[PDB]
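First, one chain by itself in structure tokens, the form solved without this ligand.
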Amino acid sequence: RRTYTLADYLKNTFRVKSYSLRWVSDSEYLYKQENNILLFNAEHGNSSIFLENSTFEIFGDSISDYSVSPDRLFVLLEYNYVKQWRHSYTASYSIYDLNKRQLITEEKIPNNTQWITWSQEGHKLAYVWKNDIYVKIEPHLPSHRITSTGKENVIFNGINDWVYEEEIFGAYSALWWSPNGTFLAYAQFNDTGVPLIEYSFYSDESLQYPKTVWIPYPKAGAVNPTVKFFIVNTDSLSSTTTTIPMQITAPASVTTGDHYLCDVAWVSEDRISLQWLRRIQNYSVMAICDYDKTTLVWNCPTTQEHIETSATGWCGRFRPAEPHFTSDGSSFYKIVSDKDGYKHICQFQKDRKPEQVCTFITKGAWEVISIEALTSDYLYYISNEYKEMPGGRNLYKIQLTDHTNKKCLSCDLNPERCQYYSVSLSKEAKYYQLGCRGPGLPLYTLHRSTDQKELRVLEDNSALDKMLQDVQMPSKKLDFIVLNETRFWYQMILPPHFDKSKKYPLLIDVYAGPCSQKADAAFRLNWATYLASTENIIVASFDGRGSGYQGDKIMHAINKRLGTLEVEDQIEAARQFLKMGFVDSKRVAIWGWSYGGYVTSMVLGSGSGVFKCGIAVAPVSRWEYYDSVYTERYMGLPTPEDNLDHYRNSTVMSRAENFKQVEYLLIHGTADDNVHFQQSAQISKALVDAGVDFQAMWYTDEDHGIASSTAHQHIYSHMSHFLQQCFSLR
């Protein structure tokens, strides 16, 4: 008879478990249990201690993470983790020798490393420190410095500058070991002409004068950083004081103007795959380069060029998809849009072919989410094909020799509980583990790939289940509405004993950025759960135009003009929800974070009269303020020669007037390096000039995520009270 309190959410009262394993081979995996890394044998539950409750304690309680060398001989112990940006951070490291049973203490690794990684083979280490790359052929041996051009906020060797880390790679690392570890490829970035953004950091109240953080950040249209790709021969390190890395230069069709390095992918140890993109992500080129043993040079013949294009928008979902080469790198499978605009899997031959470079191996009005593995005879992938549910996720399997032999491996399993699967195959797909994120409580099981026999259940949230028994959980409808003759999915978090006859207040949850998906079949315990279970508020999300994985027709619909259709469609969907009867039209709200805050604001300022109040957290107010790689992908360049008009037209401040008809709560982090605060500061000023009263809230020194513990609780409590006040509740 107890409800799901905001405290339950903020204090993470009801923990949801999972089974994050690490395939160490084609048949064994590592698993952390009671702070003990155990080696498990897929097949027979056969287990065994790998690292003990012990070890980890030497480095006290600061052991941030661990990385086992592929040959399982050493373990990297991360500690002193200091975050910086979405994925970047610096730590301290120690190499533990499993065999000799103790910490290597000789040629230690610098106490402020920005990135480190094992080779794919033995115990080779490559790490970036002070923006320069270093290599240690073996843990006990000394470091060999690979670069020295490294310089803060200027030259990045082996790590990404701000925009690359955020918009292109989504990772800090810019290193790539070749298979067998002979070479080490890396990218270099020059942030020289890139302009700076500078925000204040107050720190402990003891700091008398606030700090100033500056970051080379390119806003739409600004000068971007530049790139260079190198591959260095890791073997010759012992015979020189300095090795000379060879450089690969981007293809001619990309060099005429600004461009980016899209993706890196080693094919074999004498072949590497590189994808390049033009600043106007209209065009993309994936070159395949071969190592010339004679002239000790890499060649990227235009015969193996391969061009990807888009006349509807940009390339790929957020960037060209990654290639998956056959064992002998003669061919590769890659997800690309078919004639109908549906992201599917098709085959390529190393050498390009005149307007027939592909052969689609998948067809349908659904899309392939990702290629999970490629055996010598099978291609395992994940799609949203089943039951025509774009919001669902299932694991499939096609036989290379026979494209008709296509079988779903999770569709049957638990149709009730599971409709959203995540996968994880062993080193050679002998076994696989399924992650049911599906409708019901998450369920983890592993199966033998041959016959799919479910060897055993790794984790079923029985524990959680027992607890949620004494609690009044809300439900989640996941259906679709049809507009202009097209299906448009949505979801709703209905409060407990939801009576379709009564009328509840509605809260629209938004994001709606290009290729986003807020309506899916995944189980979650968030603030929306609290809102329905205790405030009796229906929280609903709607994936409209410019969204999800439903073909380019729908996604590219927003091209060159954000702050348009995705905004309208959000309003339209609310109307449709009202027509569904059980919504108290006199109490409808809308909120969102980042892109979501933008749309919230764009909706509240639409004067549509449909919404009472709204909350925007770290919203974008006008695209010229946001970074280049992201903005330009959908908006082009903010110049009169391109899309300047649409830029200036989609401003939030341009709608300050319409805010008089709404209660608005603007929240922004003070140290937000992603969405600059400048954005909200610009919005509040616009409303002040418009004589529109509203509520604001800044979070001192908080990130783009406002995710520090106290801040996290504070911001949700404050928003809760805002809704309570707005919905006449409390």
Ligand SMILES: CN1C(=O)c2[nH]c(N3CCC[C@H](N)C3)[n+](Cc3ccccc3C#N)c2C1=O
Contents of the next structure:
Protein chains: 2
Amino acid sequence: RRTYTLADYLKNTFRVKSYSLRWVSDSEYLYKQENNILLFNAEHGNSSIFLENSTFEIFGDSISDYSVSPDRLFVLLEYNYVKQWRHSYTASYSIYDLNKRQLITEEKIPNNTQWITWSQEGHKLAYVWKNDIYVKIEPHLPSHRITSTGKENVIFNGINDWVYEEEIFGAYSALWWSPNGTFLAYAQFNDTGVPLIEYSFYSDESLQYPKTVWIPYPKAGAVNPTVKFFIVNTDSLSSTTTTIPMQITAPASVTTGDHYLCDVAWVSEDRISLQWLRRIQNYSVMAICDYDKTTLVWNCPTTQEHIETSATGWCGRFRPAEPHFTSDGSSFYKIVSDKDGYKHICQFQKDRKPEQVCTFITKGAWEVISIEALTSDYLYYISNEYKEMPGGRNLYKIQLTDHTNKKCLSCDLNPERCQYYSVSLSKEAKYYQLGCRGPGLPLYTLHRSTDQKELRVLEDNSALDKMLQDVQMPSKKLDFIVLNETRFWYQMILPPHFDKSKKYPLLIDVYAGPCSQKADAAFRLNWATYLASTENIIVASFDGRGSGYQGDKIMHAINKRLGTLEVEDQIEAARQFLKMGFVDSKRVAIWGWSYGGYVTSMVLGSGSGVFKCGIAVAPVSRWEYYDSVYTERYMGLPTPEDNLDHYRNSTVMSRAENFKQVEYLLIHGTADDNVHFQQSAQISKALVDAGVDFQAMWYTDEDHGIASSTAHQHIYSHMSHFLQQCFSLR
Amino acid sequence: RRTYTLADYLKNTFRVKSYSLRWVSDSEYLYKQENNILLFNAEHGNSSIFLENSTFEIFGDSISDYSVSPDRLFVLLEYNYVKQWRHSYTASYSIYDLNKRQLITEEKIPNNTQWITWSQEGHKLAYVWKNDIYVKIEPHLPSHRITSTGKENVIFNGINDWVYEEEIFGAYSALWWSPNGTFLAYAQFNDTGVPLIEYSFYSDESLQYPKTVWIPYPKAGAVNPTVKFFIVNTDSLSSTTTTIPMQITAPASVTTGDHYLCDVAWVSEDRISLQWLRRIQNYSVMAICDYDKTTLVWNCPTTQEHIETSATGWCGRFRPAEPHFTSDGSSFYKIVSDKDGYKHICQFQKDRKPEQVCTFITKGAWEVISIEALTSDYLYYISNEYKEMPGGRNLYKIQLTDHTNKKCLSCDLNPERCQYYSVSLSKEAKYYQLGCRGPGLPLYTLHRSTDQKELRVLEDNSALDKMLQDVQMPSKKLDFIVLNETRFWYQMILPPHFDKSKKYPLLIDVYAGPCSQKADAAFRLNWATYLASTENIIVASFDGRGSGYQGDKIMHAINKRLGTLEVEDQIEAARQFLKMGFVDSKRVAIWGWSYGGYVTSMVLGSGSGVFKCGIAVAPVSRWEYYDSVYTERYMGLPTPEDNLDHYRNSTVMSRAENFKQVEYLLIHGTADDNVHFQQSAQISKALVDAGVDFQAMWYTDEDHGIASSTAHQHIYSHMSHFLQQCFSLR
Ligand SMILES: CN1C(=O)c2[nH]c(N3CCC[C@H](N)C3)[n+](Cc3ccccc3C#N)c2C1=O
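Follow the form solved without this ligand with the form deposited with this ligand bound, if you could.
The complete assembly is shown below, putting the previous chain first.
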């Protein structure tokens, strides 16, 4: 008879388990249990201690993470983790010799390492420190410095600069070991002409003069960082003081002007795959390069060029998808839009072929989310094909030799509980673990790839289940409304004993940025849960135009004009919800973070009358303020010769007036390096000039996620009270 | 039957007039009328056009101000005024030749001047541009560069650096022409070792990358700017390319360590008076320097040293009071604390006298506010002696030759309407205009100094009076409560038909910093007027310990320990008010700006339970954050060898916990160069860590005054709504 308290949320009272394993081979995997690394035999529960509760305590309680070498002979022990941006961070490392049973102490690894990683084979290491790349052929042996041009905020070697870490690659890493580890490829970035943004940092109240953090950040239209690609021969290191890395230069069709390095992928050990993108992500090229033994050089013949294009918008979802080559690297499968605009899988040949470079192996009004594994006979992927639910996820598999032999492997399993799967196949797809994130409580089970026999259940949240028993949890409808003759999905977090006859207050939850999906079949316990279980508020999300995985017609609809259709559709959806009866029209709100904050602001400032209040957290206020890679992908260049007009027309401050008819709460982090505060400061200024009262809240020294424990709790408490005041609850 | 709306305040509906004249001689004065400068004859209303409605319009509507040379031959026309700090600003100038009837156009004055001023005599001009001093013997003639060491944020010649402008002198100017204008003395400051503070400036939403403003600002304990005094011979200029200024060096008892230049005052044209203060304002020395014709050097013999001390606190109110020498500069009168701790006037001799340097000309438990004029037979001064009202201001006059012949010249006049006078005597005290700021509507009248005969009434706010007739204006009690057997004055802005039997909500208004006075007999039309007239809120102020002009016992009581007695006494006063009956104890609030924000915060966080809510605008949260000259004057150095403990003990963030029992609104300007935002940012962070919800509001690009039209209106509207919500009104 208890509800789900804001406190339950904030204090993480009801913990949701999972089973994050690490395949060490085609049949064994590692798993952390009570701070013990255990080696398990997929097949028979046969388990075994790999690393002890012990070991980790040597470096006390600061042991941030661990990395076992592929040959399972050593273990990287991470500690002194200091974050910096979304994925970047510096840490200290120790190499524990499993065999000799002790921490290697000789040629230690620098105490401020920016990035480290084993080879794909033995125990080779490559790490970046002070922006320079170093290599250790073996843990006991000394470092061999690979680059020396490294310099803070200027030259990045083997690590990404800010915009590259955030918008191109999903990480800080810009290193790629080859199979067999002969070569080590790496990217170099020059942030020279890139402008600087400089926010303040107050730190402890004991610091008398606040600090200034500067970051080379390219805002829409500004000069971007430049790239260069290199591959250095790792074997020679012992016979030289210095080795000379060979450089690969980007394809001709990309060098005429600004461009980006898209993706790196080793095919074999004498072949590497590189994807390049023009600054206007209209065009993209994937070059396949071969190593020349004779002239000791890498060649990227235009014959193996492969071009990807889009006359509707940009390439890929957030960039060209990644290639998956066969064993002999003669062919590769890659996800690309088909003639109808649906992201599907098609075969390619090393050599390009005059307007027939592809052969689609998938058709349909649905999309392949990702290619999970490629065997000598099978291609395992994940799609939202089943039951026509774009917000659902299932694991499929196609036999190469017979494309008709296509079978879903998760569809039967638990149709009720599981409609959103995550997969994880062993080194050669002999086994595969399934992660049911599905409607019901998450469920983890591993199967034998051959026949799909569910060997056992790794984790079923029974523990959580027994607890949620004494609690009145909300439900979640995931259906679709239909506009202009098209399906547009949405979801609702309905408070407990939801009575379709009564009238509840509505809270729209937004993102709605390009290729986003807020309406899906995944289980969650967030603030929306509390809002429904305790405040009896209906929290709904609506994937409109420019959204999710439903074809380019829907996703590209927003091209060159953000702050348009995706905002409208969001309002339209609220109307549609109202027509559904159980919504108290006099109590409808809308909130959002980042892009969601932008839309929230654009909606509240539309003077549509439909909304009473709204909260925008670290919103974007006009696109010239945001970075280049992201913004330009959808907006082009903010020049008069391109799209300056849509940039200036899609401003938040231009709608200040319409804010008089709305209660608004603007929140923003002081040390936000992604969305610069300048954006909110500009909004607030517009509102003050317009003579519009509103509420604001800054978070001292907080990130773009305002996720530090105390700040996190405070911001949701402050937002909860705002709604209670606005919905006349509390 | 109409109330005083918030709109009345914000739109300055009811304008209050005054009579700001400019004595051009001992019998005539200048006055601006409908943008026409008129010359009036004190005696007979005899008037006459000096400068027309015309002239000013040549420089359009950007004519910021005007300065008439003392020999009334030329007029300085200021325009293109661009503010910078409290008093600094740069403008463009034009010299209008009254006689030749047109704007001088030859050797024009640089388009970005930082400061200009006429000599005391003819038409000599001195101006600073690009941090360097220039002189023009006459308006048509060419500039003569006096310094060339000038450099932005490093070397200041003839103008004050940040701290000096804000805390030592009350302006930007550091130039001093001598009588007869032979010499030009100036100060030079080196901001070299002074640390930098760097806030962000966003500007129009069109600016893609925010700017950064850096200012050499010395926070408590930091390295301070250095000083140097020069006097240059203005007569030689035409016979050289460069003149060499002679330098005066501070007195020996001040040079051992950090010190400051206090005050400059020309005695005759061969004698100058300088005051110096040690960094620890415990000690001060006033040297009288004489010009040596033979060796062409200035001499400041220790025989004419004159020491000022304080074993209770610091020197003077905000620094040593200014000397006023006799015609032959043989003696001078200066306000200093007598044996009882009361600021009074006493006589001095050019030469110091072994512990008898002073002869007090005034006695009493009241203080002399200022020395207005010194005639060959009379000394006119302003005090709060009358009716024992420290919060009152009256013009007195003593006969040098006879210290008994002491007479008040304003006490009688309008005892009902006037209790707060401002004065303004002609070049030789033949006439004197009075500024009744008194209880009633401000009244301006001029008098023939001889017999006090009121020649006429210059301005009586009848226009205003006629208007306020149709409005329900609040009242204002100015009385005193008594604590620990001492009088402590307070004031109350009682709402219209205030009925002593009913119960109203209370709003404490605060500054309460060293030597402040919030309780006085001066008429005002502010936000407090609105609050009482329309919201029915009793706005009250209380001058507790560490306050006003009631002797050093009361003012120094706070020494070395701010955030103590002055905070408590404020709470005490609230209690006392409640005991007066007509206060609704369940609705007591307290707000303040600057130091007041600090106290407001220190009170709200005291957990005394006495207050419900409060507002702090640009508060100080811990003294290490504020500037040196101000902080140190009362707190000493933030070092373990001095007062570090009290600095650390008087923090606002240290009381975060107690804020859970209070609604708090923290407001702060983004471009605040006085109180750095770092201060509010540090407070918000403390409350977030403490798990205390509160309200905040930042003002983009706003000053420490948040005085820009739209901001000013927005901030008061926002605070009004805060109180309305808090007092359950609205
Ligand atoms: C709510 N929200 C959200 O969860 C998410 N993830 C992303 N991106 C995903 C691809 C990598 C990229 N770095 C971030 N965005 C895009 C975005 C748009 C406008 C402003 C800021 C951001 C940022 N962040 C957003 C959101 O708006």
